[PDB]
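Here we start with a single chain on its own, the form deposited in one PDB entry, put down as structure tokens.
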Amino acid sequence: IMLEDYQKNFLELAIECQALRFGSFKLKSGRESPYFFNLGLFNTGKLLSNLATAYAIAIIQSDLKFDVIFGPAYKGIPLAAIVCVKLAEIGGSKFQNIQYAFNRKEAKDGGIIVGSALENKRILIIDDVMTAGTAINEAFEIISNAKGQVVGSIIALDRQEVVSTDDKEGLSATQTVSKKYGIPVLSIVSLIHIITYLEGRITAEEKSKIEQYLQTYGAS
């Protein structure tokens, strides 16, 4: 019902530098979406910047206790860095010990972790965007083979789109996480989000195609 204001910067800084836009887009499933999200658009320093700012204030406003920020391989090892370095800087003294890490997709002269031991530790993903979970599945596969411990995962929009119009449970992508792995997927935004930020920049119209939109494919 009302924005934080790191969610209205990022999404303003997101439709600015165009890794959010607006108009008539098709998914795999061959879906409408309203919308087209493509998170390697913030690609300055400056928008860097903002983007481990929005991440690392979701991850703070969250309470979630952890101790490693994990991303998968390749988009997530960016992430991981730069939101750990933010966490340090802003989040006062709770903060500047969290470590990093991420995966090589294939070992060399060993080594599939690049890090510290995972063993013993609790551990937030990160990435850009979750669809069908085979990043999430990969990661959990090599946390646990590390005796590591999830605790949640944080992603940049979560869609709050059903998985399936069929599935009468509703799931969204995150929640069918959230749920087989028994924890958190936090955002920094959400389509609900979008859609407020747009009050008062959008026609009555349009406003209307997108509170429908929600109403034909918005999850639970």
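By rigid core we mean the largest C-alpha set that fits within 1.5 Å across both forms. Positions refer to the first chain, counted from 1. First, how it differs from the form deposited in another entry.
Residue showing a CA shift of 2 Å or more between these two forms (rigid core superposed; candidates 101, 135, 82, 98): 135. Residue displacement note: residue 45 has its CA displaced by under 2 Å between these two forms (rigid core superposed). Annotation: Cα of residue 211 displaced by at least 2 Å between these two forms, core superposition. Relative to the superposed core, residue 163 undergoes a Cα shift of 2 Å or more between these two forms.
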The other form holds:
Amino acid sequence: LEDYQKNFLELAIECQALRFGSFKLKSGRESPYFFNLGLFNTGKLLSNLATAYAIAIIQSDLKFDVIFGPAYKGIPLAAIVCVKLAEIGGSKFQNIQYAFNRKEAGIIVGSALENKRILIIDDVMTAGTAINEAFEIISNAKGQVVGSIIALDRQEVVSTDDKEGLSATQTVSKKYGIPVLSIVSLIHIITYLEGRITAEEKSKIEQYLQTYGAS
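Condition change, the form deposited in one PDB entry to the form deposited in another entry:
Shown below: the chain alone.
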């Protein structure tokens, strides 16, 4: 793990973004843990979060024109990361733009996406549903998606039906031929924060991963 990933994880517990318990996910799956990025809610935490995203993006060498955040929670993410890229990235990141959608229209707020290289930013990927929806919106605007970044790759399958059992992030990359970046993955949480996870929570996570974990 890199230092910024360690700090991200440390702050994730501090602000309670990483919670263990019983959670019904968007996809319907009953999960033993939940990552709530919305809990990085202070000026200090948002600054650190924007920095983590920016570092991951810069180190990827991805070339793009526009960072797009899906409504609603992706909107602040796109804005703060756009800023942070200009602050820590140097000359080629000064003119990167940000955009987002309205839920109902004139759907896109920002410069026209047509023929621009777009990086999608979001919080967490589980089954990949949220990113597919963002893809649809971008394609309607005639944007060219060149990559995606999330804070947490939960490293789960799109569906248990799929025999290959590729993760949601793996399936997006393969389908589109685009990088899918993550600040951290579930494996990083398990290994680094092993002490702060109890024996029961450890087993609950492993049992969950037996059903939903990528191969």
